[PDB]
Structure formats: structure tokens, C-alpha cells
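Asker: With the sequences and hints as input, model every part of the structure.
Protein chains: 2
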Amino acid sequence: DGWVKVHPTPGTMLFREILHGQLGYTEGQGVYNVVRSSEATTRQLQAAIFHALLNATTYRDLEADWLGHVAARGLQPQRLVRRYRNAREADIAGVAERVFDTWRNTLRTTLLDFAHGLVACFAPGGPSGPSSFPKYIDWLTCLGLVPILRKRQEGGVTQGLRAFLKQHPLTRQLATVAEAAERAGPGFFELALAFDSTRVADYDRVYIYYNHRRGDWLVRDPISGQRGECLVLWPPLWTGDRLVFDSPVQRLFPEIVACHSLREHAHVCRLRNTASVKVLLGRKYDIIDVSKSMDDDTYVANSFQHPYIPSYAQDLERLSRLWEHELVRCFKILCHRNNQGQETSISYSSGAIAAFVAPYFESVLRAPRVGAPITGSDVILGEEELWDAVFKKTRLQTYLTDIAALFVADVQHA
Amino acid sequence: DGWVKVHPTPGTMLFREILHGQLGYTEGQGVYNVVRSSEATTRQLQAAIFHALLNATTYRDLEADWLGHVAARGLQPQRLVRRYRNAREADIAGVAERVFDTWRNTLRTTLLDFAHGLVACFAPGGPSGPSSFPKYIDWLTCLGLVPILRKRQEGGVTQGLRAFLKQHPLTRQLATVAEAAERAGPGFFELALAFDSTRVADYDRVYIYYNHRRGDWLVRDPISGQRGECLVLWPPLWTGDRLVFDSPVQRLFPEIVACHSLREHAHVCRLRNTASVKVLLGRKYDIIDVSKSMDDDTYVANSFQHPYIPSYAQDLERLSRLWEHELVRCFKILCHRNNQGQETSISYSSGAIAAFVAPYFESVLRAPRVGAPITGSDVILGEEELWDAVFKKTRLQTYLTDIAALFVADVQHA
Numbered sequence: 024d025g026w027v029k030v031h032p033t034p035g036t037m038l039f040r041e042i043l044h045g046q047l048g049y050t051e052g053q054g055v056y057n058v059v060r061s062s063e064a065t066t067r068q069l070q071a072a073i074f075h076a077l078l079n080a081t082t083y084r085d086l087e088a089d090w091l092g093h094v095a096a097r098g099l100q101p102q103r104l105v106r107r108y109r110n111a112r113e114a115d116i117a118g119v120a121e122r123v124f125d126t127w128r129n130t131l132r133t134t135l136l137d138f139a140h141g142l143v144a145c146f147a148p149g150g151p152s153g154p155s156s157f158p159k160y161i162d163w164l165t166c167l168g169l170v171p172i173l174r175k176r177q178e179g180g181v182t183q184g185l186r187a188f189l190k191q192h193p194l195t196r197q198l199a200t201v202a203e204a205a206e207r208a209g210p211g212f213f214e215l216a217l218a219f220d221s222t223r224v225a226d227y228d229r230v231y232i233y234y235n236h237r238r239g240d241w242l243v244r245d246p247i248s249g250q251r252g253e254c255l256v257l258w259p260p261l262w263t264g265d266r267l268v269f270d271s272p273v274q275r276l277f278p279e280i281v282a283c284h285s286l287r288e289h290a291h292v293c294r295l296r297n298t299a300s301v302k303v304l305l306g307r308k494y495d496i497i498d499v500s501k502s503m504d505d506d507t508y509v510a511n512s513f514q515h516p517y518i519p520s521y522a523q524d525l526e527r528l529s530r531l532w533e534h535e536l537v538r539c540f541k542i543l544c545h546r547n548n549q550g551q552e553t554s555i556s557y558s559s560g561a562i563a564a565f566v567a568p569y570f571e572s573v574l575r576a577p578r579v580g581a582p583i584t585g586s587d588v589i590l591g592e593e594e595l596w597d598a599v600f601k602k603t604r605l606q607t608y609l610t611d612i613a614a615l616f617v618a619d620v621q622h623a
Numbered sequence: 024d025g026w027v029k030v031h032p033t034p035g036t037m038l039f040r041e042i043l044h045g046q047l048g049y050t051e052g053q054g055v056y057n058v059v060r061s062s063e064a065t066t067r068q069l070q071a072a073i074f075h076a077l078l079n080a081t082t083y084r085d086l087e088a089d090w091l092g093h094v095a096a097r098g099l100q101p102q103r104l105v106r107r108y109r110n111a112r113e114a115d116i117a118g119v120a121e122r123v124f125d126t127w128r129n130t131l132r133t134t135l136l137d138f139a140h141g142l143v144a145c146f147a148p149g150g151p152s153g154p155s156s157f158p159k160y161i162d163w164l165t166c167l168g169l170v171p172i173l174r175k176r177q178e179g180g181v182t183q184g185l186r187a188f189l190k191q192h193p194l195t196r197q198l199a200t201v202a203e204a205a206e207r208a209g210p211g212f213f214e215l216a217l218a219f220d221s222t223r224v225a226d227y228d229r230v231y232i233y234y235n236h237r238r239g240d241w242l243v244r245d246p247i248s249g250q251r252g253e254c255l256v257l258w259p260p261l262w263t264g265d266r267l268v269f270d271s272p273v274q275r276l277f278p279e280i281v282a283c284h285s286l287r288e289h290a291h292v293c294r295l296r297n298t299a300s301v302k303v304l305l306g307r308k494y495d496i497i498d499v500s501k502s503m504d505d506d507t508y509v510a511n512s513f514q515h516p517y518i519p520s521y522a523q524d525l526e527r528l529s530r531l532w533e534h535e536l537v538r539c540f541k542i543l544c545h546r547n548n549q550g551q552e553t554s555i556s557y558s559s560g561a562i563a564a565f566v567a568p569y570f571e572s573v574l575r576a577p578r579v580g581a582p583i584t585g586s587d588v589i590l591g592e593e594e595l596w597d598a599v600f601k602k603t604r605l606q607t608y609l610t611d612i613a614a615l616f617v618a619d620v621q622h623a
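Chains as they are written, first to last, in the entry's author numbering: chain a, 24 to 27, 29 to 308, 494 to 623; chain c, 24 to 27, 29 to 308, 494 to 623.
Because the hints were derived from the structure by calculation, they are not lab data.
Among the hints, a few may not be true.
Restricting the straight-line Cα-Cα distance to at most 25 Å, the calculated cross-link-like pairs of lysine-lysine (DSS-like) are [unchecked claim]:
#1 c:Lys601 - a:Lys601
#2 c:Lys302 - a:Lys302
#3 a:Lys159 - a:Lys175
#4 a:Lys29 - a:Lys159
#5 c:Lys308 - a:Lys308
#6 c:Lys302 - a:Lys308
#7 c:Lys501 - c:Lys302
#8 c:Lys601 - a:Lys602
#9 a:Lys501 - a:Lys302
#10 c:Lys308 - a:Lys501
#11 c:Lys501 - a:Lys501
#12 c:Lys302 - a:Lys501
#13 c:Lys501 - a:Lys308
#14 c:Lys308 - a:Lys602
Answerer: The following block contains the structure:
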């Protein structure tokens, strides 16, 4: 009652073959390889993990750790003042500031190592393999639908997390690290659980059914028999005895088909003109035309020759430029420019990362909220630069600076 | 009695098929992918929510929170002066200013977290699904009409608000934030109800009737039988025989049709010239012309040959430029360029955001209020920078600065 098959039809297979370059290729299509890059998602995961780790810090625990470090070094301010026996406030303040700076550097590098360990643990799951981001992107590019199958199970990411966390020696060395780990454990476990729950269906196996009257989707895997959900980003259109998607490939399809047909005709015409001389016959390296079978009681009037050969450079150039412009504007890809002449730099714009990465996490993966998203510049930015940027901009720095200021004031005033 | 159907006619279906690119495609048409972007509406929602949250802050609650924080830290100004025992008012003023600054940073991060939570709650349902902004835009671009259907119901947005607001622990932490939230709750509920009540009809199901004698519109859904309202932004014209709309696609239609027909004729002529030699016959790889099928008391006088092949590159280029100029001048889209490079970025102008987003919220969504609209520059800005700007220019900055100045004066005069 109103159901119809959508995906296993030859049209989408032809779309995917076009995406693989099975018919024709152009320089401008190469931009698509940057669209599938998994840099933005990994950067977002790094930012989320950094925020989650640094949001568990406690001021009192940090103060206790600093006091313990000072006691271990035996560098209490009064002892140093009574050893130096001078009223040089600037010198003793500089000494205390240097000690605090060394402690800050050691804490920063320990936190960086722990955070990088967490990021490395989370890395293999998302960008490739199960629930891979390029699979989502080419799902969007071909159809506009992203079928998903869900089942509540454990996975390897959680196993790696539980193996790594329990044996980590950094917890036994710093109370702050252990407290942050134990407070953020449930969140990380839930995040990995969400990672391992979802699975984007492969292109060659899944089935999609659409009903026009009710306007609902059905997606199932014919092998396992499992039913899932069908996510739609831009909806298709029903024109009666047809279905027309609004994916970029759908828009670019007629031009590609026309250019391919032109190239085939050009090749066929080229192979015809191999011979140099051609001779015609009639009723009273070389190719002969015999018209005896058709000249029966017939008289020849005239004979014309015109060796036409089509040209297809302009069509290929236009198709390449069209592909580049369509992929740049549709996915909102930002290109950096040199001073003059050529330009070579491709990255994701802020609008692109928002409108594509955020729906991925929110709906496709159903992960919990990850906080404020990164900007478009942070994708270009490196790992350590992002780490110490978020370290500076977080509230962990304020407690450390306040402690340093109070300690320096107490040292210099006494 | 004067009613005539409008929308299910083949003309509008052909207009939509033109938008999907059935009748060819050009690089100029790709600018349409920026007109349908949902950045402006999300920016407006963020600004409205930020204003609603910031306007509800209370001076007395903030003063009480400041006193409580001072008591918790034990930072009584007189006690600190009696402890330090020095006449350096600059040092104590700097200490108080630093404490106020750290509290400012913590309050800012908590407010940002709560505001981002609300924005994430409102985001999924606004620009897509019900009241889909791209659907509104392509309704405007095809016809000039935006049919709507309304019903008073709750929805997922209200449920998400109910779950998030009452289960967020931030309310139990700061009295000021909870007080502002409980003041702003009714407005957020009304906004969510406005989101959930309005639905924009799909292009493939709804029906539209017009009657020129009275000048009235009728819109109905043939499936559910529900009757809605028909909104008009630029009115159409009635010429007796037909109804002529004034949407951009209507103006650009004849040029598109002419170019498509020219391309078809060029292809047909191209397929004819695949034969190198052509032969003619008459009464006393190869193509034979037997004109003796008609020869009866006849005599051949002369023969001619002229293999014409039309060219269509200039037409395609002109059509692309016309498409780009029409879209830019109609939707008022601002284009940015480098020193010599073209299309550094594409963004909505202030006139565009006003004249398109504001009528959307005011009529289609029937939102109660959106506050002062943002400029075109705020679209480029990210969420965090926009939040910083609105926080700087809001009412709350008055109370915070006044309290900080008064406390600094009291500390330095203690």
C-alpha cells in the first residue's frame, strides 16, 4: 500500500560509479578528496575530551598538591628568607615565580600526556571503520539519506578504555589526575558506548523503501534481517512515477552524461577515418564502398565527402569548473589564497564544520553534548597549539594564577 | 464559482525540476546553495535566547552571590588589610580586581554553558523538518507563495526543554542563574510552542486555489483534509488566460527553454554527420539517398551540401552570468573578493537578513518577539564571539561594573 523500492535501483549504483570515476574524470572532481577528510571530526573529539578532562579540576586539591610539592622540595618561603638574609623583594619574588613556573610546566606536560593518551584511545573508532565519517559524507553526496542501524552492545573502544585507565600510573602520582579521571569516567564510558552502538550501513547491502502517501521511510538489512532508521538531511521530491533526489550528483548528472556521450561519439568518428583513400562503386589503408545491392536499376547523381571530427576540450574544462564550484559552494569549503598567482590550500569553513560535523555527533552518533564547537581556524591549528589554547582559555588557569599571585604576595610582603 | 486551481499545474512542477537541474546546469546556478543555508535563522535564535537570558538578571541576586563568595573565600577587605599590614593600596586593589576577574570568568563560563545548552535544545527543530527554512526559500523562489498549515499541539522541542531545564544541576548551584531561568521559562515555552505549531506544506501534496473575482486564496491538503492559510510576499498577476507569477524562475524561464532547445538541436545535428560519404540517386560509414521513390516525370537540376552545426558556448556562459546576477540582486546576497581573487566568501547582507528572516519569524513561525535584529557582520562571527559581543552590550554589564567599582573603592578606602 504505497511502498516502493528506492536504493537498490540502478540509478544510485550509477551515482556511486560516477563518484568513483567509472565514466570520465576531471581535475575539479579531486576537491572531493578533501571533503571526505576526517580532520574536523578528530579535532572536535580532541576538543571535547580536553574540555571533559579539564572540567573536573578542583581548586583545593590543586592547592594541596602545590603545598605537598613545596614541602617535598623543602623550599618554604621563611626558610629561604632566613637563609638569604636580605630584603630583596624582587629577587625572592622572582625565585618563587620561577618555582611556580617549573611546577606549572610539569603539571602541563603531565596533563598533556594523559589527554593525548585518551585521544589516542578514542582515535581508531570514529574517523574510519565502523560508523566512518567518509561513509556518512558520501551517503549525503549521493542521495541525501544516511541509513543507520543500532543495537545495544559493547565494543573494542570500551575495552581499550578500561584496559588503559586502570593501569595508568599517572593517577597514583597526582591526586588531581586521579580525581579528574574518576569524575570523567562515566562520561567517557558513555561516549565510547555511543561510538560502539551505531553503525552506518554499507552501500552494497542495505535496502530502502519509501511510501509517498504517508511520507515515511523503512530501512532493513536483507542479511541479518535487522531494521534501523533512515535519517534525511535534504528531502527528495516525488513527481509521480519517479523520484528525484536533490544531491549534488543528481544536479550534475545530465552534464556528465552529455559529455560522456560526446566523448564516445568523438572516439567512434576518430576510428572511422583511419583509411586514406575511399572508392565508390556502382552499376554500369583502403576502404571500398560497394553500392551494387542498392543501385539495382538506379543511377548515381552526386557524391559528397565531409570528414567531421568532434572536439571536446571545452566541454571537459566546463565540467571540471562546474564540479569544483558545486562542491565548494554546496559543502561550504574555504580555500586560502596566495598573494598573487596560483593558490593551494583547502580546509573546512566554520559554517561547514558546524552544519556537517554537529549533526553527525548529535543525530548520527547520538553522542552527548560536546560543548561549544571549534572554529574553522582550529582545523588548520595543530594538536599542541589547540591543547595549550584550550588550557589558557579554561578556568584551570585562573585558579593557578590566583594561587601564584597570592603566594608571591605573601612571600614579598613577609 | 470563480475558483481555479494553481499549484498542481505542470508549470510549477517544471519550475521545481528546473531548480533540481533537469533542464541543464551551470556554475552560476550554484549560488542558490548559499541562499538556502540556515545560518541566519540559527544566528537569530542564538541572539534572541542570549537577550532573553541576559535581560532577566537581577542586581540584588548578583550582590548576594558576591557577598557569599567573599565569605566563602574569607576575603573580608578589613581582615585582609589587617593581615597584610601595608599602605600599598595598589596591591590590595589589584588583589580585589583579580578576585573579581576570576569570578567574572567563572560566571561567564557557566552562563555560556547554560545558553549553549538552550541553543542546542532549540537547534534541531527550527531550520529543518517543521517550518524548514530552505523549504520557505524555495517556496518563495518558485511561486512567491508560502502555504502553511497550523494546529495547536506540543512537540519534541517542548519535551526536550522540559527534560533539560528541570534536570540541569546549574540551577541548584547559582541562585541568579536559576532566577533568570525561571523568569525566562514562559517565554521559552511559548517559543517552543510556536516552533511546534507551524508546518510548511510539502511541494508534492498540497493544493492551491485562486479566485480573481473576489481576490481570495484557498489552500488545503487532499490527504488529511486540513485547511490552512496562504501567504504572499510578492503578488502574482492575472491576465485572463493564465496566471503569471513574478518569482525569479518565472523571469528566467524563457532563456532556459531557448538554451535547452538549442542544445537539443545541436545534438541532433551532431548525430547526423557521422557518415563520411553520402550518395545520391535519381532517374535516368556510408549513407544512401534514394530519391527515386518520388521520381515521376521529374529531372534533377542541382544538388547542394552544407553541414551546419550550431554552437552553444556563448549561450551557456550568458545564462550562467544571468543566473548569478539575478540571484544576487533579488536575494540581496553580498559577495566578498580578495585583492584579485574572486568569491572569497558569500554571506547574507543586512537587507537580505532583515527582509527575509524577519518576515519568516514574524508571520510563518509567528514567534512572539525576536528583539533587535543582528547585522550582516554577525553572521560571519561564531557563537562564542557573538556571545561575547551581546554580553558586552547587554544590561548586565552595568551592574557588574558598578559593583566592581564600588567594591574596589571600599577595599582601597578600608
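Asker: Any of the earlier hints contradicted here, and which numbers?
Answerer: Hint 14 is the one this structure does not satisfy, whereas the remaining hints hold.
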